[PDB]
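Peer 1: For reference, the chains in residue letters:
There are 2 protein chains.
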Amino acid sequence: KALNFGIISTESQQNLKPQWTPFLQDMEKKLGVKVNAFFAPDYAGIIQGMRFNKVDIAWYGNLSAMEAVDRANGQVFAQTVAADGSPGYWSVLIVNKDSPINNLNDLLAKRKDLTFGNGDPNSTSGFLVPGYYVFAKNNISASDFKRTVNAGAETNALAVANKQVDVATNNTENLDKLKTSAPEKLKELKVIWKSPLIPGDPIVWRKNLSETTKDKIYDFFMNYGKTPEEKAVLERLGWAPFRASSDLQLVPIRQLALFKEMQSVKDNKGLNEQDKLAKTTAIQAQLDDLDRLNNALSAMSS
Amino acid sequence: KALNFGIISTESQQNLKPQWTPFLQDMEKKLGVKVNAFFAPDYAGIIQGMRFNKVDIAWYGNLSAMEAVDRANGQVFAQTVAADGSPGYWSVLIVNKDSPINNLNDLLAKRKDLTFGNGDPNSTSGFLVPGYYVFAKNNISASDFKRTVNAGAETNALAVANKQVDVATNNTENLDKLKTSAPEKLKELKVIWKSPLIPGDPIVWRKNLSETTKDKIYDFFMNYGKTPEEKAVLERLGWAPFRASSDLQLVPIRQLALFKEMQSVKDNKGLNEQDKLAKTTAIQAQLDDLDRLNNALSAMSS
Numbered sequence: 001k002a003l004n005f006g007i008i009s010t011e012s013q014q015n016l017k018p019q020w021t022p023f024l025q026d027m028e029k030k031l032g033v034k035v036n037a038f039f040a041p042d043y044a045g046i047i048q049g050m051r052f053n054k055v056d057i058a059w060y061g062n063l064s065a066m067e068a069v070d071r072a073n074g075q076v077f078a079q080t081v082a083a084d085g086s087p088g089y090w091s092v093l094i095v096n097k098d099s100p101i102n103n104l105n106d107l108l109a110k111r112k113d114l115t116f117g118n119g120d121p122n123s124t125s126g127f128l129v130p131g132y133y134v135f136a137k138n139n140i141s142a143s144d145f146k147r148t149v150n151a152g153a154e155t156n157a158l159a160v161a162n163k164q165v166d167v168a169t170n171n172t173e174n175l176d177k178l179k180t181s182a183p184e185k186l187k188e189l190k191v192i193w194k195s196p197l198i199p200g201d202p203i204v205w206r207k208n209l210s211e212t213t214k215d216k217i218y219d220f221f222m223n224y225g226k227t228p229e230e231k232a233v234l235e236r237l238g239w240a241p242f243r244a245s246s247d248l249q250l251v252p253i254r255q256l257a258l259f260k261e262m263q264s265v266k267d268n269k270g271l272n273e274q275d276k277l278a279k280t281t282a283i284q285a286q287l288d289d290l291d292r293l294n295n296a297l298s299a300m301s302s
Numbered sequence: 001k002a003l004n005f006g007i008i009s010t011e012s013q014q015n016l017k018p019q020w021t022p023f024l025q026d027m028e029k030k031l032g033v034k035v036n037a038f039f040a041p042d043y044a045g046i047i048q049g050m051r052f053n054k055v056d057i058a059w060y061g062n063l064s065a066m067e068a069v070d071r072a073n074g075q076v077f078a079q080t081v082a083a084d085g086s087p088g089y090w091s092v093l094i095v096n097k098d099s100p101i102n103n104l105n106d107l108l109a110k111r112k113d114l115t116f117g118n119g120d121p122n123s124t125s126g127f128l129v130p131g132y133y134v135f136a137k138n139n140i141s142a143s144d145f146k147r148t149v150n151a152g153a154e155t156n157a158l159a160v161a162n163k164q165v166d167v168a169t170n171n172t173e174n175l176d177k178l179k180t181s182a183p184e185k186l187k188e189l190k191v192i193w194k195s196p197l198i199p200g201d202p203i204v205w206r207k208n209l210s211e212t213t214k215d216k217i218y219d220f221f222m223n224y225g226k227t228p229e230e231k232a233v234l235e236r237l238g239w240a241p242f243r244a245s246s247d248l249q250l251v252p253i254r255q256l257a258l259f260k261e262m263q264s265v266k267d268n269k270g271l272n273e274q275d276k277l278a279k280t281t282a283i284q285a286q287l288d289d290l291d292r293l294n295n296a297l298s299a300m301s302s
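Chains as they are written, first to last, in the working numbering: chain A, 1 to 302; chain B, 1 to 302.
Think of the hints as simulated: they come from the structure by calculation, not from any bench. Hints may be right or wrong, so weigh each one.
Repeated chains share a single entry, so a pair holds when one copy, or any two copies, can fit it.
Said to hold, decoys possible - Computed list of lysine to any residue pairs in SDA-like fashion (alpha-carbon distance at most 25 Å, straight line):
| hint | residue 1 | residue 2 |
| --- | --- | --- |
| 1 | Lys194 | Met300 |
| 2 | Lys137 | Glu188 |
| 3 | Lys185 | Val69 |
| 4 | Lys231 | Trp193 |
| 5 | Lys112 | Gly85 |
| 6 | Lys146 | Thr21 |
| 7 | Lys54 | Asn4 |
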């Protein structure tokens, strides 16, 4: 009963090897079952490895992560945690502290009268994530602000801080940097809207594993880190210890997937509107259900 | 597009009528769609009403609630909240405050050396709920205490308080009463283990409703109560305003269902062990998956 982990490698074939064997070697111990890897070229070959039992487990990104559930027996069981201390990031919208805005509701209104900072239109956290939760969800637009401007978080946070822009989007990881980059202009910022947590990469195994096997993996992963040795070894892969997870993980990413896809049907050229109505109104279905989940989940305050 | 609510009535045909029309009459307004009820004799006829679109929505109990999802297009969308202030209850285990125990781990060990207070063996919160989360889950027993005694929460809490028993089970709703019944012997108690939240009755509609319809119900329910009028009307049905919910609701009840069922196969007389192994080890599968969910859910601390 040997074991395969999945790790692609942008950190190529030099970089990766000596960061990992350790984590295998403890894995092999506690599990006491030989623990090879699949290095990779991309998640595409990796999911496929799952799809054929040739790989048992793996460090996906929610996107890859989600298609694993989709096509190759995925079950998220754990969320990676940043060695600085977790855990993913929340998208945001930010006014200056001297602003008399505090709600997204405030903002939502005083909008035709204000100037916006929007992220890379190829950025999920600066552009797309807010694009759904903020805009799409309220049937309103980046249009509808006096003037609107696209730029980087760092800029945009600084933009707002220095009252060159009314409101901007951002993430909380940039918000972090600042406490070092410009602590005294982050002190001037004010967050008025948080996305869902957009969380860290998961660990997915294949469901078709065995009661007993999973039990060991699961506990390995849930308990690795409590030791100074253990602790310091996660770090070499930039990690803190792992959060307990589920497929519920990727609800934010699922919504995105299907907001995009929704967006691409409204533009589907050679589709008649009868047959649109159907699909559009079906993807919404899904979002609407997914919305209510987010609520439920956030309503376990608590 | 008229509307049917489900409400059984132990509070029979006199009691119920004038507690509800109000809540219909607001329902009919905001929805602006006529809102009859099904009174009932039992959830059995009620789920069936769903199963035939003859009823659209209803106040189930997690048990009924769960079989609704099972057999008649259930989706939990809201959790009832006690007019005193919510929300279900957590089972517990309780030592005296002068005890040097604080963990379930402590207890788990010092057990052969101690005396237990166990609830009605026909009580879910005093007996069965702990029976799983505490015992079943750690493959250990009510056996394994010096002596063990079964009795009511009130007794048992008082038992422990007055150091007639080492540890006992309880719920937090009794724990409430006490602050009135015996505030100064509840002051002597100490909780060392909480179950999952075992939550309040839900509102389930049938999935096969319509985007738009659900949207209105959903918002009606999520927003009813903010007004003094609204507020005071929920009260006449002993309610505070409603929590946002999902089928995730009944994970605790699902685990129970299948702990029982697990328990009843181990006792299934005319079943050979080969064919047992299979089922036992399949129900465990489920619990084990459900366990990991509880974790995930409780690991969104947060």
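Peer 1: Treating 25 Å as the Cα threshold, decide for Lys137 and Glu188: within, between, both or neither.
Peer 2: neither (29 Å within a copy, 51 Å between copies)
Peer 1: With identical chains, the pair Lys146 and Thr21 could be close in the same copy or across copies; at 25 Å between alpha carbons, which is it: within, between, both, or neither?
Peer 2: neither (55 Å within a copy, 49 Å between copies)
Peer 1: At 25 Å max between alpha carbons, let me know whether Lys194 reaches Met300 within a copy, between copies, both or neither.
Peer 2: Answer is both; intra-copy 17 Å and inter-copy 16 Å each pass.
Peer 1: I want to check one pair: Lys112 and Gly85. Are their C-alpha atoms no more than 25 Å apart within a copy, between two copies, both, or neither?
Peer 2: Result: close neither inside a copy nor across copies, 39 Å intra and 41 Å inter.
Peer 1: Using 25 Å as the alpha-carbon threshold, which applies to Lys231 and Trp193: within, between, both, or neither?
Peer 2: neither (34 Å within a copy, 28 Å between copies)
Peer 1: First find the shortest C-alpha distance between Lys54 and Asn4 inside one copy, then the shortest across copies, and answer within, between, both or neither for a cut-off of 25 Å.
Peer 2: Within one copy only: 7 Å inside, 52 Å across.
Peer 1: Which holds for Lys185 with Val69 at a C-alpha limit of 25 Å: within a copy, between copies, both or neither?
Peer 2: neither (43 Å within a copy, 52 Å between copies)
Figure legend: structure checked against the earlier numbered hints; hints not met, in rising order: 2, 3, 4, 5, 6.
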